[PDB]
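One chain comes next, on its own, written out as structure tokens in the form solved without adenosine monophosphate (AMP).
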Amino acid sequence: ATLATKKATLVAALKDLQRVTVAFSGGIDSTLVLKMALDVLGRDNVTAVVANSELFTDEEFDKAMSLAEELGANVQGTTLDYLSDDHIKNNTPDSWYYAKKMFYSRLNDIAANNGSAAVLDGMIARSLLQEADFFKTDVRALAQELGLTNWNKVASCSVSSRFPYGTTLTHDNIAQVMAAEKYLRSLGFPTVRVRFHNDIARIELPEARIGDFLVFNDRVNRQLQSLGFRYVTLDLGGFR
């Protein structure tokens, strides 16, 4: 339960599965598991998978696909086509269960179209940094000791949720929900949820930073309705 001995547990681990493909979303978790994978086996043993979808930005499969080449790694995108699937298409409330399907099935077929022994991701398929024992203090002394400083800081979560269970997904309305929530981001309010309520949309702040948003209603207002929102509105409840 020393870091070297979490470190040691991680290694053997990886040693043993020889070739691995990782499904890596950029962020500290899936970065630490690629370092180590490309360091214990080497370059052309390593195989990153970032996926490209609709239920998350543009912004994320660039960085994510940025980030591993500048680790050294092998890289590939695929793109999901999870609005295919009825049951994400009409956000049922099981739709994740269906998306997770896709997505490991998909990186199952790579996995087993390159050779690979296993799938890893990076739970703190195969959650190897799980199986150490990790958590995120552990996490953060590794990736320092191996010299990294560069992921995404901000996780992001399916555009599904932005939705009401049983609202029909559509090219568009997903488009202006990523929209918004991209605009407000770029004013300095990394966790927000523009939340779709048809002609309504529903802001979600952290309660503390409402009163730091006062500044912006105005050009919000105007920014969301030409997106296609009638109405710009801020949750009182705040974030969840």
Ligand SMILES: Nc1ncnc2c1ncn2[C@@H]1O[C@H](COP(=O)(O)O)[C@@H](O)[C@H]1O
Given for the second form:
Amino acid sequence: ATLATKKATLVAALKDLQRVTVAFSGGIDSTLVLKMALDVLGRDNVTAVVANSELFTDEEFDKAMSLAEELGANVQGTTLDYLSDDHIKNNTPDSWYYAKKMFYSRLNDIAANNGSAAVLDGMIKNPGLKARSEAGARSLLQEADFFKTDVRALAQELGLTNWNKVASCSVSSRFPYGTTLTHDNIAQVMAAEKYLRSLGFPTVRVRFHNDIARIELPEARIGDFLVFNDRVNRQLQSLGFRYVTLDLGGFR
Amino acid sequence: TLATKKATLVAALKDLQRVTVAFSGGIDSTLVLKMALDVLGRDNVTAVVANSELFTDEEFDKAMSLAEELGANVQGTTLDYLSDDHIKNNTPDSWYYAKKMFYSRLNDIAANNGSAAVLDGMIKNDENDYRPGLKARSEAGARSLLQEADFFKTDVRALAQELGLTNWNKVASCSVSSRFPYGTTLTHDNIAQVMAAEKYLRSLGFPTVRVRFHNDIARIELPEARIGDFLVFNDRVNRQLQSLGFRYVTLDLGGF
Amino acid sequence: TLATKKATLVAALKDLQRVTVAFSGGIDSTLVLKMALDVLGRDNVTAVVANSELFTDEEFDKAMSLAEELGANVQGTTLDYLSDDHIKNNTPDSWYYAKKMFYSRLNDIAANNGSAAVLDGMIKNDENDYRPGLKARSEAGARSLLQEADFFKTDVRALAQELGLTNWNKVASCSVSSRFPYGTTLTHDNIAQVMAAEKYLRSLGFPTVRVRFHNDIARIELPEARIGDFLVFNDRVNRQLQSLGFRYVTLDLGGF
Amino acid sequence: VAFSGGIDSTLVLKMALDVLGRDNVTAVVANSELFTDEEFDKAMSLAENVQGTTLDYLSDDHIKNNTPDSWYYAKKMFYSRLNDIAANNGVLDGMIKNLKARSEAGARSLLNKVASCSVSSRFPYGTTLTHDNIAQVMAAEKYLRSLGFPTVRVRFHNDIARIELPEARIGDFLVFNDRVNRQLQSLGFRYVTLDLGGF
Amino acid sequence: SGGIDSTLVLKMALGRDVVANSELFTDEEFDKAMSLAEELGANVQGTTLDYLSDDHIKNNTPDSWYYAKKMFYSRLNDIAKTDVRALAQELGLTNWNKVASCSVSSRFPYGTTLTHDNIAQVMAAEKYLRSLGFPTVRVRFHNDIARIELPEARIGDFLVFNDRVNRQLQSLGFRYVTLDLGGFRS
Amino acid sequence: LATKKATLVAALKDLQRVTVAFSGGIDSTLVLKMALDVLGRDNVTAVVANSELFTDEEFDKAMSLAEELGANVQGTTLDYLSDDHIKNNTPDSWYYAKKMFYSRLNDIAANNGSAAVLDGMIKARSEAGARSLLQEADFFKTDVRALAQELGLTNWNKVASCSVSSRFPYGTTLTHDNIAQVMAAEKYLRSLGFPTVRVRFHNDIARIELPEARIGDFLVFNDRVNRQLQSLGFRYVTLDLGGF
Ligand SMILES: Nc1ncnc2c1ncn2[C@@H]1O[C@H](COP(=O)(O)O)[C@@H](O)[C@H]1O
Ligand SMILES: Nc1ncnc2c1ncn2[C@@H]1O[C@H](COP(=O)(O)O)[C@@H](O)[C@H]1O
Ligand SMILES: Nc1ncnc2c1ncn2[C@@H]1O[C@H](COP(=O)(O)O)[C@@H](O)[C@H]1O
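Could the form solved in complex with adenosine monophosphate (AMP) be shown next, to go alongside the form solved without adenosine monophosphate (AMP)?
What follows is the whole complex; the chain from before opens it.
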């Protein structure tokens, strides 16, 4: 049905929960959930949580905390010691689950000490349902059948105009499976990717291959990048890399 | 006087009592449907969106969604634009003969409906004598009510921004006949071939692009600032458009 | 603590009764204009846009449209900045004497207007040394209400989101005097030469660009991330700028 | 000996000078409307007793309509004149291993680095060759060559010029787009385009 | 060798009455030298050296080049700068082999045991980049990663080959095809 | 072909003894190899000039090409910047400099007994009586290349040379410092693979002229060139959109 019907289902779902804990990330999807809950149950029944960690840029954390305070929410940060778990630490292919389990556990621990009834996520329509459906996490946008267009159409109708546009992934995605994640090499990748991002390339991955960095750019951009070759070479060589290379196939 | 142009818009609707509005998804066509719904009621306004071979179904399907979200009884109609030999052979005036067939069907669905006349969303800005669709409209006896109630391009945003209106189609369209030189005959096949070649180009990250049809030669129009960023895709675009039927894939050294 | 920040704004607005607003099109000046319109009424608010030799008319017209569409009684005023020999000779303290001349005219527009105070849209974020207008603004008794209710850039983003404000001017400006070395004096001629070079560069597809004036040499500052996409426009830009008066047109290897 | 400036035709002339003498050996260089005059002039200079003759290739209705056999008919028409210049002068070619007209005229195949082709190779076979469009194609190529692209083809498709460049070079070409666009439009082309494929 | 030095020796040298070919050199080097030698008019005969035989060359120690050179001169024993260009250019000195070859062992890291199979894909990787018009080019061998050193001045000329260069080095065995952001040795 | 040539040997044989002004270019070389082959090693004297206006790199390659060809070569040093016209870069400087150049040559030629001064062209010459035999022998740019490839000439200077005073606008005073700064910025650019390049001097602005076919390839060296030239004294390093 209409966007307005997809919304009555969202507002009806919030009133029954009366009191929620929102896992807020700053993304458009996560933002629309927080503002809607703020508009329904009030600041006293809604607690916004932004999780920082070793695997995610602190720039992202600081922007998500700030964007939440701007919405008028009571925001609380929590930091996950992801590398303490050995699955995440050794970068098994199942690592992205074990971090999500640590994530929804901490959310439910904050949810229990908070008055909140459930934990809300901001995922939408169009890889692990074994993890949300273990901590009783609710994907409210996904339940009212919101796609990315239903989300922009409702956000642009709430006057919401601020969020994080370049989306992130767990920095573990930069290391081949089997390589063990250390603070040293993790800091090294995020340092290089922060630099590439500062040259005007918001989507970039520096893949880690010991002494060789392999830069994944969107093919549309590999042309604009040549002016920065020599600087990126010096800059990434200074971060520990012996050889700085660019993947001819690009990002994705 | 912003509301002195709003009352003039609302007052004309009551005299008509019943209407059938041609909705295209744009901001202009949308403010027409919302005001008619708010003035004449959900039962006295019938929404029509036209699909055709000349427009992507993406644009068609997005307009039908924009109507369901607005809450009107919306209905699609399919025009066989290629039945008229003018459009099929792409005479230079074929833009007119196509718009006439459009308002022809529009007068037919509304006459069967309770509507008195058909309303479109043209504005005083589109008050040019060289704007094509007005001719057929004033022939088919339709009406551009916002243009009559004195709305300009920024004067429409202020009523849109005041009805909380948004969620309208922002990406603008053309009849695909613009890709064919005057005289070339339009078939389903080559129309499909043109629209396929262009979707591929956009999906590489080039939203503004034209694949101009010249029998065996494809002539690509990109915005000149992007031709630098385009080289990395030359060979792939070459082979991909060649598979759609083109023998030569070329890039216009001119712009857009 | 935004719920009580808005009230501080209204209480200051209600106390002034009649105000003259310096509107620039920016988000900051808009929320002040929109708030003062909502509090004192259309007849008790006068919005002023300043045109001058140092800013494009392109900007002036977009601010006049944003004010008229916002629902203000909008009024233009024209400043002869090159009359003050400080602005003219481009000493580093120029943008002060320009700010000083700006607030004087505004206080005169306000003095004849029923307005009690001159409000500008400065905020708490720019409550610092090293920002030009602040000295001149205060020495003139201009009131920055957003600054007084302790609005920061984020508190301003959030109050807009509750007045349905989703339209303001995003392209930020510089005084064109930034394009001339400190010794160079400003002519009506050389400003237009520079302002034209940048508008053409902007037309091609470089909205962020600077043309640095060095008598016969124009130095173009482009964002390095884009200097690759500019190669196709070399010859065009070289020709078009030579006709504006520059003997040599160059591109700065450093960047913006 | 029929001289083209090539190494093959060149070795014959020097040997013919060394074997039969300058007065008993006659050098012939061909002009035409199908080849650049720069090519004609260097062959007469590379020979410098040389004598020029101009062949009316477009008189032949096959060459004029650009059948795939035009290359034959131009070769057939070439040796026809070669047997005629010999009658007043009192014909040798330089083919070297590696025609159905060359042997159809009693020519003997006894055996400049930048090589040339018939400008008919720029026209699709259906396209008919006129003096006008041949002149534009050869001019458009000269302009391209003058920009620093010694290897270039301007393919003629009526309204459309289709430029074939060496792919390695398309990057260095962007700075010249507008100039090439305008310069070939004044030479008659409505649309100037670049083949995304290659040479 | 074909160069200006070895050419002058043939044409200067006694009456009319050897160019090697090895795995570690393109057969192009051996083929153009035998054409450049028969051109000066001499009887030219080839010999081939199984360099992988000696354990130093194949183990890829920095003591390869010495050891590698030593196995060269042995079969030679078996089968039997401004002043030099001034005696060459008086003889109508035609051409010299300017483009210098390199042992392909330089494409592999010090210690990487040399296979025919991975040597092969290096020299294939290099021929392919050369055919597209990059005479100066090295494909450096990091197991699954191909690192391509192009002369920095030619990297803007390279972008049209990226996906094509990519999928083709992949079909030779590389899992990853990269372009060194630093260029050629220089 | 041998006609343009016959005029040359009759002219050289008529002089018997000459003095040849060598620049390293293909033209001056065909003049020098021919005079050696016609008049002998003892009757021809090759002169190369060093100065502030030409890189010493170029000078030394000029002396080498003469020693390899077999001429008795002689260097000489011109104090161009002494002349107030060259130093202040008046528009007539090109002339007063060429006037000074052929002046030292006619005296170095008058001193060694030679009959005329030969240069290799194909109002500065006619005031000194400098004979241009390739132009007198009916040589064009194609006629000069062809005689070299037929005389086995395989080494000459391909990178063309200019007096550095052309990089300075008219009126700018040339200082010893100012010439070296320009000469260095150009050597750096050349070392990146741009043998054809000019760094135009504009006080704080360096304006780089590249052949347009190559400006596409230069973008990777933007930053390197920007800093390297800023360290040589230029406040702003820019690229001329015109090209060379
Ligand atoms: N750093 C984060 N802090 C708090 N909540 C988050 C965070 N990341 C994701 N969430 C939730 O995860 C949803 C999307 O998941 P994902 O795209 O995998 O990060 C968001 O809409 C939020 O509900
Ligand atoms: N595909 C379409 N289907 C139904 N009505 C349309 C369509 N396109 C345009 N209309 C009408 O045409 C007006 C604008 O004309 P145009 O933008 O040229 O197609 C809109 O405001 C609608 O009233
Ligand atoms: N051209 C202008 N015309 C009228 N008012 C202005 C103008 N520029 C600025 N104002 C006001 O002065 C403040 C400071 O402007 P700025 O120095 O550009 O940040 C703005 O936020 C407006 O309130």
